[PDB]
Each structure stands twice: as C-alpha cells, then as structure tokens.
Amino acid sequence: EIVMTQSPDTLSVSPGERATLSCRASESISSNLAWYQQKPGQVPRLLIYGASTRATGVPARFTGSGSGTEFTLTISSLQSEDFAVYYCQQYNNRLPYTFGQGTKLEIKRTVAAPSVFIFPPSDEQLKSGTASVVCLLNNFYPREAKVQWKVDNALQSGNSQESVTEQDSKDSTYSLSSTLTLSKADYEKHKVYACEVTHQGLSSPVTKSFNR
Amino acid sequence: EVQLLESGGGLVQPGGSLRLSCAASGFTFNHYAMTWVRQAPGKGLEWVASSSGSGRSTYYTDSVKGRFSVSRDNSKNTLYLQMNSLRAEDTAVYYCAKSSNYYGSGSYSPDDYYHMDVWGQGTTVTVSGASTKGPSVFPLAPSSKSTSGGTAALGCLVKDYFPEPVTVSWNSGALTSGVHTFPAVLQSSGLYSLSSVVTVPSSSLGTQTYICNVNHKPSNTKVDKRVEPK
Amino acid sequence: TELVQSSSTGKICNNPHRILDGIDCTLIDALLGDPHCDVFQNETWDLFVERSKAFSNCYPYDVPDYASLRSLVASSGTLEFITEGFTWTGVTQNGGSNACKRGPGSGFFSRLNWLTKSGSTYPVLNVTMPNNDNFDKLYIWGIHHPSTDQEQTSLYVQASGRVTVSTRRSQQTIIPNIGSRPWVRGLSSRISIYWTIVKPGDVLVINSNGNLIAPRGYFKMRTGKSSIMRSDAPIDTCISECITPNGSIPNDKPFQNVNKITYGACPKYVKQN
Ligand SMILES: *[C@@H]1O[C@H](CO)[C@@H](O[C@@H]2O[C@H](CO)[C@@H](O)[C@H](O)[C@H]2NC(C)=O)[C@H](O)[C@H]1NC(C)=O
Ligand SMILES: *[C@@H]1O[C@H](CO)[C@@H](O)[C@H](O)[C@H]1NC(C)=O
Numbered sequence: 001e002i003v004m005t006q007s008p009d010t011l012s013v014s015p016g017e018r019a020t021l022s023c024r025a026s027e028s029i030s031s032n033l034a035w036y037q038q039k040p041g042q043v044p045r046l047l048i049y050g051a052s053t054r055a056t057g058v059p060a061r062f063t064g065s066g067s068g069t070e071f072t073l074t075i076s077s078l079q080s081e082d083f084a085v086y087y088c089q090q091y092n093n094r095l096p097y098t099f100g101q102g103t104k105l106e107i108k109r110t111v112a113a114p115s116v117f118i119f120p121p122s123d124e125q126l127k128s129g130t131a132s133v134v135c136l137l138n139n140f141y142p143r144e145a146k147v148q149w150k151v152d153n154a155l156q157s158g159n160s161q162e163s164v165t166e167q168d169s170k171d172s173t174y175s176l177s178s179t180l181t182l183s184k185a186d187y188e189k190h191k192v193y194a195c196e197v198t199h200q201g202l203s204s205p206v207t208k209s210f211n212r
Numbered sequence: 001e002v003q004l005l006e007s008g009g010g011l012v013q014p015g016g017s018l019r020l021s022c023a024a025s026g027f028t029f030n031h032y033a034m035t036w037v038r039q040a041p042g043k044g045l046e047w048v049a050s051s052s053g054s055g056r057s058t059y060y061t062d063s064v065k066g067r068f069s070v071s072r073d074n075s076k077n078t079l080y081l082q083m084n085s086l087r088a089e090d091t092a093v094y095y096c097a098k099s100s101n102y103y104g105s106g107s108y109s110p111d112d113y114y115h116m117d118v119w120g121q122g123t124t125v126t127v128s129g130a131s132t133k134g135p136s137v138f139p140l141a142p143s144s145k146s147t148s149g150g151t152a153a154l155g156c157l158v159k160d161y162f163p164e165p166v167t168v169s170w171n172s173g174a175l176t177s178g179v180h181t182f183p184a185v186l187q188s189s190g191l192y193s194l195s196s197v198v199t200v201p202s203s204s205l206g207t208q209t210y211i212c213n214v215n216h217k218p219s220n221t222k223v224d225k226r227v228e229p230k
Numbered sequence: 040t041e042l043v044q045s046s047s048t049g050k051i052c053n054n055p056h057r058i059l060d061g062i063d064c065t066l067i068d069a070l071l072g073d074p075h076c077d078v079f080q081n082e083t084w085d086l087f088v089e090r091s092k093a094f095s096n097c098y099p100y101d102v103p104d105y106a107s108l109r110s111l112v113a114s115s116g117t118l119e120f121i122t123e124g125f126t127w128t129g130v131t132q133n134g135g136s137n138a139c140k141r142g143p144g145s146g147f148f149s150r151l152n153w154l155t156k157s158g159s160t161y162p163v164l165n166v167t168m169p170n171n172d173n174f175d176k177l178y179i180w181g182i183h184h185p186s187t188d189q190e191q192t193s194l195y196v197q198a199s200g201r202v203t204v205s206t207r208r209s210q211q212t213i214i215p216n217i218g219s220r221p222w223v224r225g226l227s228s229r230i231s232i233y234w235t236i237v238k239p240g241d242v243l244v245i246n247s248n249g250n251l252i253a254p255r256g257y258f259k260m261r262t263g264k265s266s267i268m269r270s271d272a273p274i275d276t277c278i279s280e281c282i283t284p285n286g287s288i289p290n291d292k293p294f295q296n297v298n299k300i301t302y303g304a305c306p307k308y309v310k311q312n
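Chains as they are written, first to last, in the authors' numbering: chain I, 1 to 212; chain G, 1 to 230; chain D, 40 to 312.
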C-alpha cells in the first residue's frame, strides 16, 4: 500500500500571489506522479505528468518538480480560475493508481465578520409536528466559525446541522446556514431560542435570539 | 475528439446491484488501459478498478474486491463496472478515465497505467434505504430579526426530500443578486434538507412579491412558495 | 445523395484482394511470434484484417514506435523471416517465461532470443551483422525491464544493464527501467520492443552488458501496396475492389460516407449522407 499524502489540507493565498502545493509518497514512485485540478461540480483536469511535465494546453504558470518521495506543484501567480482542489497521483507503481487526499486552494482575503440572522419555524411546518429554527451567517471570512444553539441558555447537541457555500465570486466570503430541528412538543416547552456565533471578525460571541 | 460517455448510474437499495457503462470514441480503444474513479459527496478522488487494453488484466481497490467487476467489450468500445451487493459507502459519482500513452502518439502500452488523459462526465449512484420523495417547502419570513438597516433577509427551507438534487430559483430567475442556496445536508432519517436565502430592500417587502421556485426532478415536484413577511 | 455511397455489405470480399484474417492475433504479435500466433509465420496478404478480439498471451510488453512498425510491415505485405547465425558468447540463450507458455512448458516470442547469464558472468556482448544483400533488413529486438534489483542481478549480474544498437549512421542506447509494474500473467516486469532497418551496404551492431532481448534474424523487407485494417466484419467469398472497415462497397459512385478508412479503388470520402 503506497500512501500519497498532500499538505496542507487547505492553502490560503491572495489572487495574483505565488502558491506551492506539496505531495509525498510513502515510498519512491520515481517521477510517475501526476497533478489534477478539480472545480466544484466539474470533471478533474490533468495539469502535470512525469512530476514536471505540463500537459497540453496548461498555462506556463503551472510548474511541477520533485522525484522519489516529495513533489511540489507551484503556480507563479494565481488567477481566479486557479482556485480549486488539487490532487496528486502515482501511476503504474505496482498498483495502477493512487490519489492523494487533495489540497483545497482557497482565496485569501481580509477578515469579515458575519451578519447573523435568525428565523423562527414557519407556522405551516409547526402544523405537521416539527419545528426547524434556521440561523444564517452571511458573508464572513475566514471559513472557521462556531455556531452554537442555545435554548433557554441550554447548549443544544445532536439536533442541528449546518452547511456552507463556496467562496463568493465577487467578495470571496462564505455564508453558513445552521438548522436546529426539534419536535413540536419539545419546541413549545421553552421560550428563548438563541444562535451564538463565534468568529474572528467579532470581538466577542454574538447571540441572535427570539422568544415564543 | 476523444469522448467518454457514461451511463447506468441510479438509486439502489443496500445490497442491490448496478451496472455502469462508459462508451468511448475517438481513439483506438484496445490500446489503452481504462479505469473507474469515484468521488463520494464532499470527499476526494478514489481509484476503484482498472482494466488493461485487452481486458485480460484487472485490478481492484481492497474495499470493492469480490463485489465489483470491471470488464470491457472492445468490439463496442465500452467499459463496464458491475457493482454487486452495494453498500451506503459506495454512494459516489463514478468517472471512467482513459490512460494516456507514455512515448507519444503512435506508441502502444496496453498493459501500463499512465496519467489520465480524458474523463467521462460522471454518473451518480446512490445506495440508501430511503425512497424517492418530494420536499416540503417552508418560508423563512423576513422580520426585524433578519433586517439590518434597510436590507432584509428572507428565504425558503426545502426539507425532507430524496434523492439529490433540487433546484431553487427566485421569482422565476428574475431575482439572482444576493441569493445564497446552501448545499444539502443528509439528515439521520436518510432524507436531505437545504435552505435558500436572499437579501432584498426592506422597502420592497410591502409591494414586491418574493417566490422561491423549487424543483425536484427525481420525483417530478415543482413548488412555488410565496415568502410573506411576519 | 444519389452520388454518395452510404451503405455497406457488412462483409469483406476476398476477391480480388488477398485478405489475411488475424483472428486472435495482431500483426505485431504475429511479427514477434507470440505462441498462439505461430500459424501466421511467413504469411502474406494484400490486406491484413485485425480483430478487436485479438489478444496477447506472452511476455507483457510495450512498443515505443508501434504505429510506424505496424505500417511498414503491413505495407510490405509479408512476414518472411530469415534466420541469421548470431554468436552470443558467454551467455545463456532461449530464455523462457511461464507468462508465455509454448505448449505445456514455458516459452518466449519465437522471433526473439532471451539472453541471460552463464555461470556467474554476463560479458559485454559485441556482435556485427553486415547487410551484404540487395534488400532492406528489418530487425526486431528489445530490452527487459526487470521488476526488482534482485531480478536484475540474478539474470544479468550487472546491476545496471544497457542495450546499444548501431548502424554506420548512428547509435541508439536504451537503459532498462527497473521497477514493479502492475501484475500481468504473474510478472511485474516488462519488455520494450524496438526495431531497426538495415539497408544494403550498412551493418547492424549490437552491444549489451545486460537486459538484451536479442534478434534471431531479420524480416526481408519489400516495397508493396498492401495495408492493414481494424474491422470485425466477416470475410466472405464475394467480389469488391473497395473495402471499408464496415465492409465492402461498390465504387461506381463518386463519393462515399461509409468510412474514412478505405482500401482499394474507392470513392472519395464525404461526411454528407
Ligand atoms: C461505419 O462504421 C463507423 C464506425 O463504427 C460508424 O460510425 C459510428 O456509427 C455509430 C452507429 O450508431 C454512430 O452512433 C456513431 O456516432 C458513428 N461515429 C462516427 C465517428 O461516425 C458508421 O456509422 C458506420 N456506417 C455504416 C453505414 O455502417
Ligand atoms: C566490438 O568488436 C570490434 C571488432 O574487434 C571492435 O572493433 C569494436 O571496438 C568492439 N566494440 C567496442 C564498443 O569497442
């Protein structure tokens, strides 16, 4: 079992700046290493093979180097099209193919605090026995954010899920939606429903809450 | 042009079987090793199985041995993947991919596996106990708690549908600025849920109507829910 | 249109063109002498037909310059092989592999000679075969890529082999690439097949200190108007001057849309149906 390890998991760099992605093999694969690029909802595309050879049509700002167990892919100046997930891959070393786990190349920008809004359950949904409370974190950077559900100051666990958008095409921020789901009976047992948000753009955690 | 056209993906119960197909064109099919690559939701690329140019040599990742079987009909320029006793962890988009040559055009390496030249468009297989179901659409009403200055956030909660995907637009595509449609989350029930929000001028909440258009094609569901302030 | 031939018979007519059906064999495997392709020895053709069901059953190999070799042999229209008395001093000849069974036991490509050490030495082989004939000689040879360093030294003593093949014009040196490739018929190693044309008045020089897959002779080359075609259509005793991979067509119309590839007197290809 040859193991392909990529580092870091996420690389944050400004548009127009240099970026270097690393890939390591648990044993020597000589130069039988390829780099692929994949955008969300898109097929992977070949960039480098033979560790250092640019594929046809790949711009000159992409370069690869290394042999044996360590490999680097360098982009000399990032363009908007370059922010994507990059995978390295060994080929023909006893097993046909092995992929690295991938490195996300993410747009670096200044810190931006989230706008926090809370939505009580709709009366239509409450008529079917389920209550969903939605908390929205709008246009924040960096991605790391802690959303805690507090019901009468009691910290909720195991009854919420969240999802995050991709970086916005214009301001490069993230948005997050967290949904707390309780039964109708449980929902009516309590008064204060609060969304507590911790983020680097905020001096202290921000709580958004409502009653009834 | 070299083309790889995939088909055969779908929804199957756990323990079920599926057969994937990869029709190739634009190259001498039996000269090139062909392989299957899969990508689980929000995870990385994983090699599944490879077949030599002739098909007489096959290889499998450990987690599919004895369950998956790669074959090819070189008279039809088609690669196959027979998937038996499917498990939930087999849910992924499955790509077929053509090995490149090594020495350049006019060379011949049917038993070697080089950097992948061309990929299929992908076919999705979903292994779950859930049955196809249309979503329930609930409004996320604008209020003072969703209003900052003169801008109000409103949205739609699209809950409990299966399988992926669903499409959400606002005012039949007329409203596109400030829209955020989030990725779907898989709930513990085996059903999906997502929300779509948009920020609009608060002064428009009295006159302009805001409708989210939800479309779940795998169940032929079309819902247009008007989001009213309250 | 009425000027475009759009339909085919679905069969390849063997009159007037002499058709050779490759069946389970590619022309290159017939050239190399894959054991299940032995029936094609010293065969001849106007059109060689390669089938998609063709397979290899010998040592796993690649051919860096496959298309050019295939075309040169197909255009020649023959497989006439001439045995030459190479002297390989100090090495063991006729190596065999169980990935290339010839009958009950192990075997090898019939036209190639797998050389290995004798005793505990593999000397620097140095041989010269002049072309004192009036025709061109085609030499097929190769190099063994062992799977491990241990296999390399077990077979050739030297830790790094080399095959150098020259004429009076130029010299070509290949260095083996040691490493484990995916398993094929029990082997992680590979062979790379190379070829050299030697013209009248030129010479063939082979020098190697290991890993040489030696020639046993040459193919007698000729300038012909034969060809090769990939087709699964059955061969039939009919009559057709024009042959496509889809099958035979009449050549009375000025144009045809059946296939880009044709052999014989054929209408000019157009895309329009
Ligand atoms: C002759 O053979 C060629 C190659 O097999 C055929 O070309 C393909 O035919 C299939 C038939 O359904 C089409 O789906 C493909 O789109 C064709 N591809 C190309 C590149 O042409 C061709 O149709 C055959 N014609 C006849 C008359 O048999
Ligand atoms: C091979 O033998 C010939 C004849 O003796 C000699 O001239 C030549 O130099 C030898 N090869 C090399 C590489 O020296």
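One thing to keep in mind: the hints can contain errors.
Claimed, not checked - Label-pair ranges, simulated between beta-carbon atoms:
| hint | chain 1 | residue 1 | chain 2 | residue 2 | range |
| --- | --- | --- | --- | --- | --- |
| 1 | G | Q187 | I | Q200 | 23 to 31 angstroms |
| 2 | I | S26 | G | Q82 | 28 to 36 angstroms |
| 3 | G | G150 | I | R212 | 44 to 52 angstroms |
| 4 | I | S209 | G | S219 | 31 to 39 angstroms |
| 5 | I | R24 | D | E119 | 53 to 61 angstroms |
Claimed, not checked - Here are a few chain G residues that sit away from chain I, every Cβ distance over 12 angstroms (derived from the structure):
| hint | residue |
| --- | --- |
| 6 | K43 |
| 7 | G44 |
| 8 | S69 |
| 9 | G106 |
| 10 | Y113 |
| 11 | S128 |
| 12 | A130 |
| 13 | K159 |
| 14 | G178 |
| 15 | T181 |
| 16 | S195 |
| 17 | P218 |
Everything labelled a hint here was simulated from the structure, so no lab data went into it.
Every residue, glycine too, gets a C-beta built ideally from N, C-alpha and C.
Earlier hints that do not hold, by number: 3, 6, 7, 10, 13, 14, 15, 16
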